[PDB]
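Colleague: Residues per chain, in single letters:
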Amino acid sequence: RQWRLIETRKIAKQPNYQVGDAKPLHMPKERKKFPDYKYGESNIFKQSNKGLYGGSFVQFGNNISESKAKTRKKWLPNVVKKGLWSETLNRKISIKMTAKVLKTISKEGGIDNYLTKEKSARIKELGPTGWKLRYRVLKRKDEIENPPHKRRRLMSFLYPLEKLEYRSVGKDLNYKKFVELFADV
Amino acid sequence: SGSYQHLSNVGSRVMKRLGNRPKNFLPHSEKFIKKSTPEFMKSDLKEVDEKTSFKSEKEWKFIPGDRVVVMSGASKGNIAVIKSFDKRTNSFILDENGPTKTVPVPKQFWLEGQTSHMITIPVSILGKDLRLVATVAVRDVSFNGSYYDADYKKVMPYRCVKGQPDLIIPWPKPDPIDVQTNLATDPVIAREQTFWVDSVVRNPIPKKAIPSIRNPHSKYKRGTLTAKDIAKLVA
Amino acid sequence: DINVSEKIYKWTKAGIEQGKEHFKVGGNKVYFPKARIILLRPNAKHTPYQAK
Amino acid sequence: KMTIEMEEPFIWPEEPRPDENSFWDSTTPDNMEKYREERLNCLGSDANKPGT
Amino acid sequence: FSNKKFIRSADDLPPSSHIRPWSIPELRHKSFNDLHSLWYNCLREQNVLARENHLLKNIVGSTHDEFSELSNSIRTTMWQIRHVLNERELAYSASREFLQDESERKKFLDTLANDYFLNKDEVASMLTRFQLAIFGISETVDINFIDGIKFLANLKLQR
Amino acid sequence: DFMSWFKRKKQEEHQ
Amino acid sequence: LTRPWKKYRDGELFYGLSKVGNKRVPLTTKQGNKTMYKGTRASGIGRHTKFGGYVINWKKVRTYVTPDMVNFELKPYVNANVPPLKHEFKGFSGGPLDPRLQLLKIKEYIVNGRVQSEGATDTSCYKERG
RNA sequence: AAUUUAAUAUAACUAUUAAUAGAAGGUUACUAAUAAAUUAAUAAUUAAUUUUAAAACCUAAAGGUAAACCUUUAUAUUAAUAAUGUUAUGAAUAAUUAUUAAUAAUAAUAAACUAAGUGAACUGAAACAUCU
RNA sequence: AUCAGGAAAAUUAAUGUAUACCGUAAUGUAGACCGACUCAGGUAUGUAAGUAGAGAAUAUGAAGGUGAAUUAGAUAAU
RNA sequence: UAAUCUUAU
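Residue numbers (the entry's author numbering), protein chains in the order written: chain A, 22 to 171, 203 to 237; chain B, 2 to 135, 148 to 248; chain C, 55 to 106; chain D, 159 to 210; chain E, 72 to 192, 197 to 214, 220 to 239; chain F, 38 to 52; chain G, 17 to 146.
Each hint should be verified, as a subset may be incorrect.
Label pairs and their in silico Cβ distance ranges [stated by the list, open to error]:
hint, chain 1, residue 1, chain 2, residue 2, range
1, B, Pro217, A, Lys171, 54 to 60 Å
2, B, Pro28, G, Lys106, 50 to 56 Å
3, B, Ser30, E, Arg167, 54 to 60 Å
4, G, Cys141, B, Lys234, 32 to 38 Å
5, D, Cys200, B, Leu19, 21 to 27 Å
Here are some chain G residues the structure puts well away from chain C; computed CB gaps all over 10 Å [as the list claims (entries may be wrong)]:
hint, residue
6, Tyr24
7, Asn38
8, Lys50
9, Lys54
10, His103
11, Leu120
Here are the simulated DSS-like pairs of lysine-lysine, each with C-alpha atoms no more than 30 Å apart in a straight line [unchecked claim]:
hint, chain 1, residue 1, chain 2, residue 2
12, B, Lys84, B, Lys108
13, F, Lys44, B, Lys52
14, D, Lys207, C, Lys99
15, G, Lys46, C, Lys88
16, G, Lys143, G, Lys106
I should point out that these hints are in silico values taken from the structure, not numbers from a laboratory.
Cβ coordinates follow ideal geometry from the N, Cα and C atoms, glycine included.
Full structure from sequences and hints, please.
Modeller: Right, dumping it as structure tokens:
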């Protein structure tokens, strides 16, 4: 097979922003939660952006009679709503799937496994939703593997002292501001 | 007129279109203007655009006050002290000895001591048509050095005869501007220093004055990025 | 104690007496105003105590 | 256009005579305008017609 | 009005050769209050001309434009004044920024100490000027003021 | 040009 | 007759020159319905009341602050006998906004104490450092 | 020294070919301004290059809106202090003004080409449905 | 009576309140809008002397506002 | 009937 309707897609190349450079005119309010999906978000069978369609877009072709009188028809995939169990998330995740995709999931032995397969083909035939799910699972796995220590209290201890010092000079100091200051330190 | 147009800038695009007429339809534009103007007003010379206008005293080869011989005309081989240049036309108005035209004039513009409506008036003439004098006429003048003039109060160039640069044609010393006006501040007060850069702590002009001085909501002045902002931007 | 219009009138009188503003001065301080005004000739409908 | 009422009166200075002031003298520009109107709107045998 | 005249004649107006607008450099060494006064004088002059100009254009339908030229010239001076006011503020801000960089400030202090202070062949006057210049100490309280006091004490100890 | 010339002539007459 | 000099039927209108024209031209305050309110950027001053009134907010009202001691000797023009001054900032890339230059000026002030420059002292001067 | 032919402009398009690089309108006015840096060449010029100022409102997206309007208020807020200032048995309450800190916003930006999704009818077939 | 008759936006008390902007002409049963025209067409509302009367019908019409971008004669046939 | 699956809170 091929992933033509996926890998044809192109997204505007964001310029790498240096810390000292000037701002863009429209900077967003809330930050980027998820990683950027290489292949954007489908602009044709937008039905499939909400689910795990397995790179199965709608076809259009011809109904043909005994007289060979051609008439345009479309061929939809066998989509199905299906709440499937994630071991990593410890909850079942309900989404639209192609019956094919459900079969693949069953073969691979789980939904998390399906999401996390490292092949490029899989990545292509994950949606934007599928990509987000993958990210959620992978991040959770990483957390499970590696808890922070294998600092917050120190910051909390120092904060009031820092505030007092600021006041003695003359200025007031908030927590949030303190946190912002001492993130990289 | 009964206009009110002068207190605004209304119909701006239309005005621009009219003002910036294409140059290949310039004869069309000026034909009707010529017709409109009376004989005593209208001039033969082309009204050049402000781009191609002699603003510098190098661009003008001659200044009001210097003595010039006329040629390529009716009153040719005639010495004349040039009285004042016209800015729009790029030309000079000479004294009585220069080129003139006799034209009828209304009693609104009559000089004291006139019998007839007919009056001789000086026509404008280009710098190309007339050559300097010093008696010896000068073929062409070139500029090589520069200096501060005492009378003119400008860093003017040295008018040198073309070829031999040491033969300097000096500038004509202008008339003394005896200034007695209530709207012109005198030399002593105009230049007296009342400010000095002293304080780093106190800013010189107050905080409430800043909004007049510059636009605080300027769309042009872009903000600089931070680390947090970068992190927010990038996935 | 007294009505609003009367209070305003009293304030105005006080300001006149002072040689201060006969009106509440605002806070939006314009140091370098660029606005010009054209004093017009008086119409028949106006008095000598008016200016437009 | 904003009219104001003020506590002291005022009357403008009297406008100058045609001979006195150079600028305040509407004869010339009006005449010029008339001449322009004549010349642009002159068509055929009104070219021979003497000027006003 | 100007000398209670309905309209300034050609002779009553200031001639073009005698009059010049202000130079930006000339404006640059004038005090704030002086500049403000100049601006308001300019504005007043414009108003006088604007009244007159309007009368000329609306009623008589002239194209003499001396008043308009004068108004333009005044407007030029005004924007130049505005520019120098902005420029001075910017220069101050730049100086502040420079001082905020600590090493540079220290170097500047050292330079000051070497040449004019602590030397012979006035000092008190220099100190009083320096005090005002660099710190918030005239003859109220802040970290900067404290720092200046400490510096002064250090200088006294040295001398 | 003419207007300017006329003005100059007037000025000369005056002085 | 509408106008007595025009006895006969020329194609002249009852008023104006042409009835027709570009309809697509921005609205003014005079045009539109009773409900149509254009406004003239004059009054973002106070606040509209619940009942339809208005309440001025004086901290958001324009005053025009004039200097208390007006220097009347400063005039809109300078005497043309004075030359136009010219500053020079050689050895300063920033120019008049150069912080180094400002520091130098401050140092000079500290040393000397409000000494007038070449141009300020001598009116015949045309070029200057500061 | 004059005129004349041809060539050359800030002052045409179109077509080919070679080289090259891949970009504000409008409205009306409290009009919307610019300052400088050395280098070389030639005290002032001039080139190039670096920087810098101001730039109203509108053009879908602070939020409206019947484009150039209106509403909102960073000449704000939160403080802290400074001082004249008040209820108040210094003293805790506020009132400005003034500083300083800290907290935000600022989409007009092409068209052609390219890629992809969808995908005709007339017409051709001397008709016409397959086909085009 | 049946035909069953909109929506949606506190209280005292204390303390304020130096009064924003915008429409304002004339035209509107029309020559000043819509009808290609100064077009017998179209164009919303309250008033709308008195005397009459059932009445805003009909007569008149105090006041008001008009008498018009064709006149002057002529008045055959039609 | 923890396949689908409607509704409500």
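Colleague: Next, verify each hint and record whether it holds.
Modeller: These are the hints, each one checked on the structure:
| no. | hint | result |
| --- | --- | --- |
| 1 | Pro217/B <-> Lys171/A: 54 to 60 Å | 59 Å, holds |
| 2 | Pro28/B <-> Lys106/G: 50 to 56 Å | 51 Å, holds |
| 3 | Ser30/B <-> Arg167/E: 54 to 60 Å | 56 Å, holds |
| 4 | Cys141/G <-> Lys234/B: 32 to 38 Å | 37 Å, holds |
| 5 | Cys200/D <-> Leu19/B: 21 to 27 Å | 23 Å, holds |
| 6 | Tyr24 | 39 Å, holds |
| 7 | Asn38 | 30 Å, holds |
| 8 | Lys50 | 27 Å, holds |
| 9 | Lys54 | 21 Å, holds |
| 10 | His103 | 22 Å, holds |
| 11 | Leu120 | 29 Å, holds |
| 12 | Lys84/B <-> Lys108/B | 25 Å, holds |
| 13 | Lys44/F <-> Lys52/B | 27 Å, holds |
| 14 | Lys207/D <-> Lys99/C | 45 Å, violated |
| 15 | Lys46/G <-> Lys88/C | 27 Å, holds |
| 16 | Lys143/G <-> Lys106/G | 12 Å, holds |
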